[PDB]
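There are 2 protein chains.
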Amino acid sequence: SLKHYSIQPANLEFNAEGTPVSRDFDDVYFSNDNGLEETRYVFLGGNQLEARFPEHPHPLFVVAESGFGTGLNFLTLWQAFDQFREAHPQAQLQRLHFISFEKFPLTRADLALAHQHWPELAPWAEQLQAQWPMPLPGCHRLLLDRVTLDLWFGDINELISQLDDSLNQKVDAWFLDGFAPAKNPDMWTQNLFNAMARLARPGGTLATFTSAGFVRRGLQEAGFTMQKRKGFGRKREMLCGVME
Amino acid sequence: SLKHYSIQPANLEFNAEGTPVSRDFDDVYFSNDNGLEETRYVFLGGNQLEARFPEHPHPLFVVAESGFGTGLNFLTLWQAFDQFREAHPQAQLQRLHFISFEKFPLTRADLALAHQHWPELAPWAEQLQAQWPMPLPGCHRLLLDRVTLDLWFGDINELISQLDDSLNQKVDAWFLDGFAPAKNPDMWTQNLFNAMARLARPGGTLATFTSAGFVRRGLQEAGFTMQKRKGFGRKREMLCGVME
Numbered sequence: 020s021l022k023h024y025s026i027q028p029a030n031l032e033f034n035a036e037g038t039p040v041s042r043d044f045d046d047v048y049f050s051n052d053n054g055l056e057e058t059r060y061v062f063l064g065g066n067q068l069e070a071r072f073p074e075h076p077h078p079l080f081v082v083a084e085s086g087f088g089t090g091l092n093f094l095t096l097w098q099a100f101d102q103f104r105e106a107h108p109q110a111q112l113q114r115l116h117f118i119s120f121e122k123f124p125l126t127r128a129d130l131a132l133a134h135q136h137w138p139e140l141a142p143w144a145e146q147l148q149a150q151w152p153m154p155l156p157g158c159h160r161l162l163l164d167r168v169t170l171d172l173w174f175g176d177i178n179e180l181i182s183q184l185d186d187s188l189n190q191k192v193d194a195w196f197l198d199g200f201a202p203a204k205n206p207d208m209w210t211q212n213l214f215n216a217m218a219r220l221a222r223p224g225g226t227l228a229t230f231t232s233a234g235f236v237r238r239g240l241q242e243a244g245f246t247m248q249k250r251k252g253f254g255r256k257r258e259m260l261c262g263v264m265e
Numbered sequence: 020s021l022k023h024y025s026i027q028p029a030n031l032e033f034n035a036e037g038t039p040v041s042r043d044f045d046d047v048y049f050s051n052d053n054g055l056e057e058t059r060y061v062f063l064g065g066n067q068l069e070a071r072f073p074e075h076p077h078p079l080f081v082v083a084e085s086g087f088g089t090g091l092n093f094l095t096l097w098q099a100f101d102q103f104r105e106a107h108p109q110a111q112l113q114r115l116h117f118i119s120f121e122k123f124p125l126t127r128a129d130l131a132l133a134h135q136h137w138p139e140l141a142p143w144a145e146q147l148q149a150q151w152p153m154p155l156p157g158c159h160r161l162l163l164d167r168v169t170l171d172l173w174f175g176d177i178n179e180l181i182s183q184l185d186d187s188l189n190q191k192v193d194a195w196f197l198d199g200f201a202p203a204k205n206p207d208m209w210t211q212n213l214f215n216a217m218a219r220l221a222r223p224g225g226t227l228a229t230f231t232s233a234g235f236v237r238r239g240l241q242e243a244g245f246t247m248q249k250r251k252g253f254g255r256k257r258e259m260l261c262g263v264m265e
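Residue numbers (PDB author numbering), protein chains in the order written: chain A, 20 to 164, 167 to 265; chain A', 20 to 164, 167 to 265. A prime marks a further copy of an entry chain.
The following block holds chain A by itself, in its conformation from the complex:
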């Protein structure tokens, strides 16, 4: 514990299909079958990222995410962004900054294993692996490529205050992700919703996989204009919203 201070590395088991399962929260980290496509639909689709990028009136796009996990959302976004830059080299938007929080960071071995699930993503994955920081408290910035990733280790509820009033109205999209509310209820607070709301740029967006009613009412109370949207595949319902 001089080793880690208060941080606990993730405890994973790989299940019969080879999927990473969190032993901290008792759930798979992603869909073995549909993980990439689902991430694209929920977080890219829900925040309309692909449509927005060529019309974005600033040189920087800022994404903030509540639970990093395996980094699937991030890698998916980085691919999408890279694809956007190839198709639109002369757009106003030139740079991406991603800010994420994680209470139980994966070890580098578990991380490499998780990523083997997505060979399409390997070029970006291998870059994240190469700079994967030690599980210590606070902000670890990775300079990739144009693309910056800030990884905050610790508790998002205690951490979010560190994003002081200087970051207000600077987040273009929120990935409200991590384990389900029934699996990790501690993450899903009014404190968090409120902070998300103050960090959001006007017209900035949020998406989440859950439609738990308290989560919708909590975001609405924080100040987002929320709507339901069909879930991925056979799933009925997800939530997304816009500031103002």
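Certain hints may be false.
One side of the interface only, derived from the structure: several residues of chain A facing chain A' at Cβ under 10 Å [to be verified]:
| # | residue |
| --- | --- |
| 1 | 20 |
| 2 | 25 |
| 3 | 28 |
| 4 | 81 |
| 5 | 156 |
| 6 | 157 |
| 7 | 158 |
| 8 | 159 |
| 9 | 160 |
| 10 | 163 |
| 11 | 168 |
| 12 | 171 |
| 13 | 178 |
| 14 | 184 |
| 15 | 185 |
Listed next, the in silico BS3-like pairs over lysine-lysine satisfying Cα-Cα at most 27 Å (straight line) [what the hints assert, rightly or not]:
| # | chain 1 | residue 1 | chain 2 | residue 2 |
| --- | --- | --- | --- | --- |
| 16 | A | 191 | A' | 22 |
| 17 | A | 251 | A | 204 |
| 18 | A | 22 | A' | 191 |
In case anyone wonders, no lab produced these hints; they're calculated from the structure.
Ideal Cβ positions, reconstructed from N, Cα and C, are used throughout, including at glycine.
Got chain A sorted already, so can you dock chain A' onto it with the hints?
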């Protein structure tokens, strides 16, 4: 400020003698003439480090410091430790861990300049420069050599709680350093003294350059057994103490 969050890099001026002066606190960071020797006397001498090392009954020695500054205390300790390991290769004590806090970290250019003052220290200095972390909040661990340096960026008063009860009784010596109480009064709190006291190993020590009476009474209240000791050179008085 997406750049730095709340961290402000140190603002320095170099004076007519070429000494780094903090424009944040309006004082030189060290004695242009006597800096190394003074650091050795106050922090190594005050905590009796050189005598203690060959008799230390554990494989790890832990030092915690309140303000890193230029890293002079750390570099001085690292030299001393390296010298100890050469003279005593088969001692029980084999490893050093150093934990330090800094609210205004120096830029890498200012850092290199500061270190030019101590050519004796260049072998260690160049190593610190090579791994000098970005000015971001939280814990940045440097693996040097056997020697580990944890650099905490932010406010020590807000940070010290992050050294939870898992680090209690694990600090062998405290360097109570940084700017004078009259120059940076915010650092010098009962909260800090109390935390120092709970982190200390029984028989663990503290040294400081100040003998401000509130500082002595504050350490005594926290639980250290304090005594005065002659200051370096013509200086009258410094403070040092032992837990129990």
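We went through each hint and held it up to the structure:
no.	hint	verdict
1	20	4 Å, holds
2	25	5 Å, holds
3	28	14 Å, violated
4	81	7 Å, holds
5	156	5 Å, holds
6	157	1 Å, holds
7	158	4 Å, holds
8	159	8 Å, holds
9	160	6 Å, holds
10	163	14 Å, violated
11	168	14 Å, violated
12	171	8 Å, holds
13	178	15 Å, violated
14	184	7 Å, holds
15	185	5 Å, holds
16	A:191 / A':22	12 Å, holds
17	A:251 / A:204	22 Å, holds
18	A:22 / A':191	12 Å, holds
Taken one by one, the earlier hints fail for this structure at numbers 3, 10, 11, 13, listed in ascending order.
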